[PDB]
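Okay, so here's just one chain, in structure tokens, the form deposited without 4-propylbenzenesulfonamide (4JE).
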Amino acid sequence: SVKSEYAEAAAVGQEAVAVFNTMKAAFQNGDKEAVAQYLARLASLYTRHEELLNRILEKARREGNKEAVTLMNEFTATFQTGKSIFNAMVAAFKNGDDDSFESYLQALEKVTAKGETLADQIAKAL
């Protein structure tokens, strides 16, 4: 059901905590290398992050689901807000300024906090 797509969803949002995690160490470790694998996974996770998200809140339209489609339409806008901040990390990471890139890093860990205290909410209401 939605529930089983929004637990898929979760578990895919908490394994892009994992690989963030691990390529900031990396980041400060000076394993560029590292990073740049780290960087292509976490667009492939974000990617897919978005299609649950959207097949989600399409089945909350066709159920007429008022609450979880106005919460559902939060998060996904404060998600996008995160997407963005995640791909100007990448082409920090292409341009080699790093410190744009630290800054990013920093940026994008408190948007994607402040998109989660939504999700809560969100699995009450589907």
Contents of the next structure:
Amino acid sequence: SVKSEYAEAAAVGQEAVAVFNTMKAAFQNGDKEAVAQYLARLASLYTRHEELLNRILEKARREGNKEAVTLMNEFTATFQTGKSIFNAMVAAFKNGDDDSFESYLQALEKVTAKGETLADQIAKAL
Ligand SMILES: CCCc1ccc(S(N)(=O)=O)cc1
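Now the other one: the form solved in complex with 4-propylbenzenesulfonamide (4JE), given that the block above is the form deposited without 4-propylbenzenesulfonamide (4JE).
The next block holds the full complex; its first chain is the one shown before.
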């Protein structure tokens, strides 16, 4: 069901949460070889989450679940803000700009610790 597909997408999101926090620790410790691998892992995880979210949105639209569509449209937009910041963080790493990496990292935590409520609402709407 769309609801179980969202829980699957939810767990995939939690996987990025865990990998991000161990990446943050590695960055602080200066373990750039670890950071690089974690950033690659995160890119895969964020791509996967987005693909699952698109499928769920398309399914809610086919189902005519107007409230779920509204929430998912808002959530997908928020996801994209996160992704743009993530990609900027990756570029900061390639460039060796630790000051921008720190900024982008802290912005991305704010984007995710703000969209949490909406993510929980969607579970209850589908
Ligand atoms: C690239 C990060 C995109 C992103 C992932 C997860 C959430 S949350 N805490 O489920 O609202 C928001 C943005």
